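Only one chain is given next, in structure tokens, and it is the form solved without its partner chain.
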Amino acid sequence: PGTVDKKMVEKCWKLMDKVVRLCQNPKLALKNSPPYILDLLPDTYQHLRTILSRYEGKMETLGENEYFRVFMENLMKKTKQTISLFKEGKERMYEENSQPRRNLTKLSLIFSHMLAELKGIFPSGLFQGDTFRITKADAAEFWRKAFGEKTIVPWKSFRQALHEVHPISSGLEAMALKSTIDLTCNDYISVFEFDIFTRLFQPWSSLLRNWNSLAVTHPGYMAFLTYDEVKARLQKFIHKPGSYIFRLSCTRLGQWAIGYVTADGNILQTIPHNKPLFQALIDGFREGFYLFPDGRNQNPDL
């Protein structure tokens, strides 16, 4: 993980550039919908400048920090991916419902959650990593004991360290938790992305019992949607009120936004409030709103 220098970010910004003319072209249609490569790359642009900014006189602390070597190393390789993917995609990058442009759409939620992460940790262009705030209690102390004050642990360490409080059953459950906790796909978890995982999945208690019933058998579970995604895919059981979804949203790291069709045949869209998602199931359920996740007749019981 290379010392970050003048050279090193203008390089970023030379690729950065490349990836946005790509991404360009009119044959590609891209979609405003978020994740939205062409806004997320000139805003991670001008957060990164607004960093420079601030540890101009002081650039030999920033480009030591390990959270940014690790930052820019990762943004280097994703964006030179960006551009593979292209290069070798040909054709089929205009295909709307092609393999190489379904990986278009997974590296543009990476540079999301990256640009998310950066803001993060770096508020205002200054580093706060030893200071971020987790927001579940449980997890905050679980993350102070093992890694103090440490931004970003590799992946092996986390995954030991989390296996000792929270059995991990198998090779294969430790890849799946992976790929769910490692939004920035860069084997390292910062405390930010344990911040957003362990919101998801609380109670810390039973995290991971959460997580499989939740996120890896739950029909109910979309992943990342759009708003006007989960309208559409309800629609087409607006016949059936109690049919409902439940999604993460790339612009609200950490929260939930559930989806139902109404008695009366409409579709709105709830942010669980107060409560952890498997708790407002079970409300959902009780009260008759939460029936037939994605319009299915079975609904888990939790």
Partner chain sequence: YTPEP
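If you superpose the two forms and keep the largest set of C-alpha atoms that fall within 1.5 Å, you have the rigid core. Numbering follows the first chain given and starts at 1. Compared with the form solved in complex with its partner chain:
Once the core is superposed between the two forms, every option in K231, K80, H166, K119 stays below 2 Å in C-alpha shift except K231.
For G57, a C-alpha deviation below 2 angstroms is recorded between the two forms after rigid-core alignment. Relative to the superposed rigid core, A257 undergoes a CA displacement of at least 2 Å between the two forms. A movement of the C-alpha atom of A280 reaching 2 angstroms or beyond is seen between the two forms when the two forms are aligned on their rigid core.
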The other form holds:
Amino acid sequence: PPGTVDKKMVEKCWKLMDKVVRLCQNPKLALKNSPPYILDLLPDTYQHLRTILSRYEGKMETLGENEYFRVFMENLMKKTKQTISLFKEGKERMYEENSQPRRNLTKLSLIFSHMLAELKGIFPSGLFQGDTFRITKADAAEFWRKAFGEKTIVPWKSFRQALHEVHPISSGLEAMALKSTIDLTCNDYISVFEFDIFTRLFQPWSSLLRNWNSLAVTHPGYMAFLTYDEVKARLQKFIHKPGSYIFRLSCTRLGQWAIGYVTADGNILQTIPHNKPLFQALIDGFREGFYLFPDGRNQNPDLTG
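If the one shown is the form solved without its partner chain, what is the structure of the form solved in complex with its partner chain?
There are no partners or other molecules in what follows, just the one chain.
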């Protein structure tokens, strides 16, 4: 594990978020004001940590001893530092849309949003609930508790091994694929929260990895760490090709899918499917004319089986 968190540890990141914020208030950035919005996420995080801190009144060093939280505070300083190092080591090219240091900022924005979700799900009301966490899918629940008990968080390697025993992982490159599908906070730890989001998105547990294989590894329409505005912008190029669609993880309704597609009246709509697995949304969308050409490609995966 990583070091003790004291009160002086937290003043550190508060100062670092401050520097991130002021850096993000640059007119030149022309920072769209929509989820994930770094300029809210950061204040909200601090806000939530005040909450956690104000509740660990006095016993402020039972908290200092929390593993998950010690990992979190670490990652947090880490991520905020990276971010600061982009504005430095990337100088001017922050400012062209579709440039490295600017997509990386979106990625970072994204991770930041995953962090706050993870935290809030582990500390609802600001008071630790990691080990009493309800996992959503019956069968995923079974696996986790029967492999990690009431642990909130494991290291990646640990998780990989455990998973492999039940759902073998074809290869090292695949493992690596999986690792960045599931490590939403990019911390080389898998948390119970992280695990639930993956297991919801890729049900039934029974065929978990086969599912993930068909919907993400081998699927032209899957998009990785992509935001809503990014989906609108990407599908611009197919505006004259209705049926063109992509899809991704919803950022605000974490654990759910967000399909984006071009209509015959020529707008670009986005839905969160409900009460169907993703498989069937996509099959029906094909069958019904709405989801025909993934990311523009004429060729569309057969999933009926």
